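Trainee: Spelled out, the chains give:
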Amino acid sequence: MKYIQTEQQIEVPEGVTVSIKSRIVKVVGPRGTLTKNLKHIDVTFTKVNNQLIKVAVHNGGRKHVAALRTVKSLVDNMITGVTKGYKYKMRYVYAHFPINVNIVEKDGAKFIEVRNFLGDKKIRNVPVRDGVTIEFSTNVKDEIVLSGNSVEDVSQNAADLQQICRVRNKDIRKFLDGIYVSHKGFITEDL
Amino acid sequence: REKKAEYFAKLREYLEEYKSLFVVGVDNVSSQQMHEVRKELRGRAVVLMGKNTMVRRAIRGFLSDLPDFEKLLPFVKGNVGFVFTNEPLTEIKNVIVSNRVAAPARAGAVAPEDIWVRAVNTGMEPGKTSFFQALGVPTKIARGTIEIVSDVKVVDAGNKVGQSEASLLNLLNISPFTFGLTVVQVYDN
Amino acid sequence: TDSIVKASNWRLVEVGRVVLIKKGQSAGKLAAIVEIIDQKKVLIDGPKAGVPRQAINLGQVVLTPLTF
Amino acid sequence: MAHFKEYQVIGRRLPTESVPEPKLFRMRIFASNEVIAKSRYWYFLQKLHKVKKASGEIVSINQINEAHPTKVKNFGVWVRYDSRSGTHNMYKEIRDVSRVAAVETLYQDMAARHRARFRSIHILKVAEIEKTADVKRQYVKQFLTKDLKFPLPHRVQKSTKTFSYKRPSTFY
Amino acid sequence: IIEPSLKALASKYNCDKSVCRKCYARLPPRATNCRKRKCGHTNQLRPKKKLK
Amino acid sequence: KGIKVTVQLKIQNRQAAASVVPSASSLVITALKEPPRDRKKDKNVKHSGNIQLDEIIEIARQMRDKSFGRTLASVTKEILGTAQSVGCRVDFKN
RNA sequence: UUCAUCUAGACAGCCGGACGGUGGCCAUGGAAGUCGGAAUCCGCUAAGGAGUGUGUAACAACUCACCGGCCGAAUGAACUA
Ligand SMILES: [Zn+2]
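Protein chains in written order, with UniProt numbering: chain A, 1 to 191; chain B, 5 to 193; chain C, 3 to 70; chain D, 1 to 172; chain E, 77 to 128; chain F, 54 to 147.
Heads up, a few of these hints could be off.
[Said to hold, decoys possible] Once the Cα atoms are required to be at most 20 Å apart in a straight line, the calculated PhoX-like pairs of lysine-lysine come out as:
(1) D:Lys-71 / C:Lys-43
(2) A:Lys-174 / E:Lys-88
(3) E:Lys-93 / A:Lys-174
[To be verified] Chain B is faced by these chain E residues, among others (derived, beta-carbon under 10 Å):
(4) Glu-79
(5) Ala-84
(6) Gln-120
(7) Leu-121
(8) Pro-123
These are calculated hints, taken from the structure and not from any lab test.
Just so you know, even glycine gets a beta-carbon here, dropped at the ideal spot from N, CA and C.
Use the sequences and the hints to build the structure in full.
Mentor: What follows is the structure in structure tokens.
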């Protein structure tokens, strides 16, 4: 209709301490900082009282009042992604071939490489970047478990593993094995 | 406001007609029991598991049609059962403690807790013996029928129970998870 | 909890904004917006400056942060 | 045609003295001037009862001026037009200040969101909604609230000289 | 073999999805339209032919 | 009744074969009905009949697997008459 | 454009009940909540179909209409250009 004015009410917990300018957002809290390049949403911000952040749009369309919700769903992740943090779990499924993975430091890169997928001889290699840390999880049943602070860092490479370990040239709904995500959790819930 | 004209005559015509209110409730119930414990109270005791009325707690609890009724304002927590009892205080506390657990699950109810196995033979016919590739119980079989050797555990906590985990337990005559009755509150006129 | 937010100042049109007629026949007079009719058209009342009581557009007018 | 005027108009259906003194019908229509105010008057009544120009006349013609041309108010409006395929009857809610300023938009409006041109529309009855909360289209209701008043971004300024040395900002 | 509480966890990414009857794209398990523009957001959605 | 869609139970405990009759729906009708049962309607569909039999409605709890406990004789009126159109025996309540 | 709802809590979402007669009459190789015809009923009521969706040996299994508790304001069903 080209609505005149809406808003949302982004909360800022006491552990995190936001610092924004024109359209660039720098969040920082108990476990380091994240910075989010946000130069294509065309929304403004006004402090009200030390924990509540106003977002605004004026004379939008339909999509420019939809993206005004999209900017909300980015920032509230960031206060969660610094205070609460993330932790993924990522379960093996394998039959007749063990899926043994191991980590390599190949000239500053830190690849994680996967061997013996579906009885191949070929060696996989998957890079990671800063802001993530894998851990081959034991005392529990045979998972890779990683963590981090963003959501562009934890999910992107880990689902790319789930993009790597899909079978090709066979059918799909009968060769079920591979690596698949089980639960998207936080490193410190329930406090 | 799905069904307000067929059941708001039934919100009126016998909510005035009863003098003491004993509240109970089950959020998530069975059905062998809800053709039992709703149907067995027939003749004067409709157990009222109706809906929330939270605008008409101000026309029901302000005009004072009944003098000692205005108490049920914060008590719409959980699916409320408020059986109408103009009966004395002798046959009350012993009938509302009927059972805790009931007949076993519908093959995949939520049960993320732990379970124990005793070394007592049950009488399982040779069926599912080639289907124990989830735990692998060392089992002796005495000429066709199984026999439990020793006491071993099954699984720890933090999982989900579906078909291949409940159906061994559904064939075992043990079910301490049926999520039965509660006991809440009693008050007179 | 220092949580610096930029400034993002504006000029927002409450009843009591004195404006400046850039084109028209007032051509630089001082009105006062009174009854906001729609998003682009705007009523004006500056009657001792020599203006009518009309509902001008928004592209025809500019304004000032001075506000009563 | 142009930024319209607004009229009353009254016709008579010429008295044959066999059955004299007819009934003096009345419209209240919209037009750009008086000659098309006359030449749309027969068009409303040719589709009503068997009159044409060689049966009747205009006995007077008056440019109605509007009572309060400065007060704001909500106009309710019923509109019949012809589409590419099928005719319809509508209900918009225009927001304006006077009656011919009200339907000045609506000829220009429904030429956009439907491409119904001027010769294929019959603006039938233009009422007014004088009190709040029963404007049915709520997109003009949300205007009618308490101290709603808003900023207005991206102020371009004008250009007279073809060059500039300043590289302007748009603070407003 | 793959035990039946982790054939489920790999079912939710390979088999239990829907498809478009026109362009054979892979679709979510609850939807109304093929998002992919070449069949024009059409409405013909069947389930995926499962095992057996 | 037999291997049609009804129920009879059996219980075995220490040399005791429970050949009891909980006797689901049909045998309440069949013990009332007329002995030529096996013929002339076991080829086509079995909803042909215009017969009215008895007024002995007090057999309505002591025959087959009650779980209602609510009416002295108004159970099998409100079960059947509808559920077999091979005889009427109750002429109004549809 | 209508037709329905609509702070007596709507439409969501989270939690599950979704029966008893009966595992209807037959119809068969047995058809049981989910192959065919016909009866298309009542009880319980919060509410349940003589069953909308998958499963099989008739099975057994999922869960949905119907429901009941939470946040609390609004949402659908066909169309028209
Ligand atoms: Zn498609």
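Trainee: Against this structure, judge whether each hint is valid.
Mentor: So, going through the hints one by one against the coordinates:
Between D:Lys-71 and C:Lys-43 the alpha-carbon distance is near 13 Å, which keeps this suggested pair within the 20 Å criterion. The hinted pair formed by A:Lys-174 and E:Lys-88 meets the criterion: a straight-line CA distance of about 13 Å does not exceed 20 Å. The hinted pair formed by E:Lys-93 and A:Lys-174 meets the criterion: a straight-line CA distance of about 14 Å does not exceed 20 Å. Contact between E:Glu-79 and chain B, as hinted, is supported at the beta carbon level, the nearest pair being about 5 Å apart and thus within 10 Å.
Proximity of E:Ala-84 to chain B holds as hinted, the smallest CB-CB distance being about 8 Å (cut-off 10 Å). The beta carbon of E:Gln-120 is not positioned within 10 Å of any beta carbon in chain B (closest approach about 32 Å), and the interface hint is therefore violated. Interface restraint check: E:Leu-121 against chain B, minimum CB-CB distance 27 Å, threshold 10 Å, status violated. Interface hint at E:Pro-123: violated, since its Cβ lies 21 Å from the closest Cβ of chain B, which is beyond the 10 Å cut-off.
In this structure, the earlier hints numbered 6, 7 and 8 are contradicted, and the remaining ones agree with it.
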